[PDB]
Every structure is written in structure tokens, then in C-alpha cells.
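Presented below, as C-alpha cells, is a lone chain in the form deposited in one PDB entry.
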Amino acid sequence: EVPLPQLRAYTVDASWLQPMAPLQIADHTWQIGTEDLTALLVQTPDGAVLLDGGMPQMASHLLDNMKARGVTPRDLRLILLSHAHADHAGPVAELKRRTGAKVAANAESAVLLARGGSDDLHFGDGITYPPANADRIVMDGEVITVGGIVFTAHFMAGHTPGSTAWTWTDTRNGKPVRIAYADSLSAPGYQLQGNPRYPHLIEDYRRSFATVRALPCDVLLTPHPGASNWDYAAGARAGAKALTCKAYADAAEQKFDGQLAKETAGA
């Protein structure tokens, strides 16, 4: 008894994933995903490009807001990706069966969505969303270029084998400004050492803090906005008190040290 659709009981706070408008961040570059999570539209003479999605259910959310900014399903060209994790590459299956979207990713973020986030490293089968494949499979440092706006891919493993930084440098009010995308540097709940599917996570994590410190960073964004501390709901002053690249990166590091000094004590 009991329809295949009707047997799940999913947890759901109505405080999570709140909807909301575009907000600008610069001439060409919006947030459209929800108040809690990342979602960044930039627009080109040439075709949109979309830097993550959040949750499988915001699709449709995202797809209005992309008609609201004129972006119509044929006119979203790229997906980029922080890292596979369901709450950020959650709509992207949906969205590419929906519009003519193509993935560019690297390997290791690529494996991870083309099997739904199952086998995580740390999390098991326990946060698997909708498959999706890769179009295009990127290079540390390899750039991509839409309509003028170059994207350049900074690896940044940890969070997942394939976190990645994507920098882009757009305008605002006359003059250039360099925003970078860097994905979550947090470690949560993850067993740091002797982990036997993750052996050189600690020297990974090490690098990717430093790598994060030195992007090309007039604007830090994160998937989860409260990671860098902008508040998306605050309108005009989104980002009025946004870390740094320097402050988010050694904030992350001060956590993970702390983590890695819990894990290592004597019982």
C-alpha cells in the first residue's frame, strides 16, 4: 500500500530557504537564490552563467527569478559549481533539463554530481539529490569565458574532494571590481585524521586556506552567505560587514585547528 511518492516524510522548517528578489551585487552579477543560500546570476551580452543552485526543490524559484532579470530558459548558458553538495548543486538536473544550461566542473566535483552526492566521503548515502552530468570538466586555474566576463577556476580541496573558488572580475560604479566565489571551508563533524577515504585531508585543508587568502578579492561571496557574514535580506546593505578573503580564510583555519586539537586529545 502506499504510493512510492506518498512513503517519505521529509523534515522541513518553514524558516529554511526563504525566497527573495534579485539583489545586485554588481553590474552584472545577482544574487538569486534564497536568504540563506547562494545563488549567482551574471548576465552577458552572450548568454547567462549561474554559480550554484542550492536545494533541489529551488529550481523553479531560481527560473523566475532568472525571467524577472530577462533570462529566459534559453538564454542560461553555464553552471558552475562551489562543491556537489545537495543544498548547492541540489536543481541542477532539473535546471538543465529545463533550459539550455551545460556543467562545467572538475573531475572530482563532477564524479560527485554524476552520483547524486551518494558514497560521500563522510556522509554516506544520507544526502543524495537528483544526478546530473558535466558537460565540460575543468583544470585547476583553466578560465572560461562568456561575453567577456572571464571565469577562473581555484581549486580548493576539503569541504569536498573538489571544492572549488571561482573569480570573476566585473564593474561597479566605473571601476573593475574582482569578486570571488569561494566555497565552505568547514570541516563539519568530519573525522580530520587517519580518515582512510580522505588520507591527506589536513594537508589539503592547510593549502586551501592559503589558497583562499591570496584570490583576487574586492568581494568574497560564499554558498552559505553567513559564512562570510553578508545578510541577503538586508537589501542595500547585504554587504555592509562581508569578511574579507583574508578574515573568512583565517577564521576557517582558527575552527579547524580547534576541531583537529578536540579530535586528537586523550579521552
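Residue numbers count along the first chain shown, from 1. In this text, the rigid core denotes the largest set of C-alpha atoms whose superposition between the two forms falls within 1.5 Å. First, how it differs from the form deposited in another entry.
Once the cores line up, the CA of residue 21 ends up less than 2 angstroms apart between the two forms.
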Given for the second form:
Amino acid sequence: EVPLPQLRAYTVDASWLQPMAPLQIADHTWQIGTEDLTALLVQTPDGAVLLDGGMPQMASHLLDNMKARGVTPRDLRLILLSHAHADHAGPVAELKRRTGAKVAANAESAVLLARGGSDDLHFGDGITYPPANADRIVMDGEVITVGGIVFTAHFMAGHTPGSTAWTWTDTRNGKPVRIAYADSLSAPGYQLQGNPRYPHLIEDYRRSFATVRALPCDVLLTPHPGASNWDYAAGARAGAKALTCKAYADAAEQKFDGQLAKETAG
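Can you switch from the form deposited in one PDB entry and show the form deposited in another entry instead?
Just this one chain is shown here; partners and other molecules are left out.
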């Protein structure tokens, strides 16, 4: 007799789980995640913001990096998300338990986060994580301000219904730097055409390419740094090769058009 298969854990490349020290992006903005997963800390005179947390098991690493920056659990006021997949929202529940952080997300991201990534439109229960509740629901173009840093939400539905780009203005060398944290624009294994769970998927992706192309974007960062040609392990030249938002969107659309043709052929 043959039993049912064992549950399969969501395993990833080692680099995605490789701790790194804080890497400064601009005067108030640091990468504090791993070599291959972004987790941005924005530190202000009136508290700190975390954009994404990476994988579930990264909670303690993030807190150690925060502490290295001078940010205590109480100082963390807000968590924002690119999208609510396990490799970006993974430790959110734990972070909420262990800090003062509240979560702000759009309705789509909130509902997916509340399900722990279960019943994903494309992955089903393949990639789940501890569920968390959002404290505040944000609308497209809504701004959230923490210690003078103004974060604007730009909905860019496709990778997930709730995919969001977050933009804000920091400084570097006395000059403004408009940072754009643009979400994933991939569709990994997705049925793109005539998908009953996402009937307007293709139109949403196309609108999202347009949104990304137009973002205020002196510096682009992405949840997977490789997608925007960042190399977090490259120290002083980590961001040297970074794509513009325009180039990121163009590359994403070209890949998408190729995937559509492959889907039609398959």
C-alpha cells in the first residue's frame, strides 16, 4: 500500500536565507534582510518602518539588525508589504508579536496575509506561512507618513492581486533620492490566459508595467534584488548596476510576452 505524500516544506536557495549586516541605501533607508531577499528598514526620529520581512525564519535576524541600527522592538511602528507571499511576508505574524509594529496593507494583501498565503490563486496551499492581521487598510495612492518620510502606495496588481509599489523620498549627500520599492512583475508557472480565478490577469499586468515605468524612481529596489540587478553582497557597489524602473518594467513585459506565447504553444 502507498500512503499519501508527506507535506513538503517551502525550501529555497541558500542565498535567500544567508544573513547579512545592514546595508545603507540612503540616509534613513537600509537593507536588513538576507543576501537574496529584501527587507527594508526606514529609520526616522519618530520611529521605524519595515518594508517586507522575507522568509518566516528571518524574524530574529531582522530584530538583530534592527538592534544593530539602534531600533528597539518598541521603535518599530509599521510594516508595509510588497506582496503577501511566504518569502516576503513570512515573519510578519512573529514580528507583530515581538514588536510594536502594526501592518498597513491593501484589502487584497490583507486577505491573503490573513490566510497565511493559503488558497493562493496560482500556488493553492503550496507556499503557506503564519497568518497575520492587517491593522490598517490602504487605498491606491494613499500616503502614510512616519517621521517625515512619506510613503505612497502604487497598486500594481498581477503577481498577486494586492501587489504594491511603495515610493518615498530620502536623501543622500544633501540631495533628494526618490526610492521606488517596486513589487515582482513575474508570473511563475501562472496560467495567464482565461484563468477563472483571475479573469483580467493580463490587463492588470499590462497596467502594472505602465505604473512601474512611470514611478518617481531615482533608485529602484525589488523584493528579489536580482530582479532589479542589485547585488547585496557587493558592498559599496551593491546598487551600481541597478535597473531604472523603466528598464525593469520593459524587461518584465518582454518576459511576460514570451511567457504568453509559450503558454499558447503549450
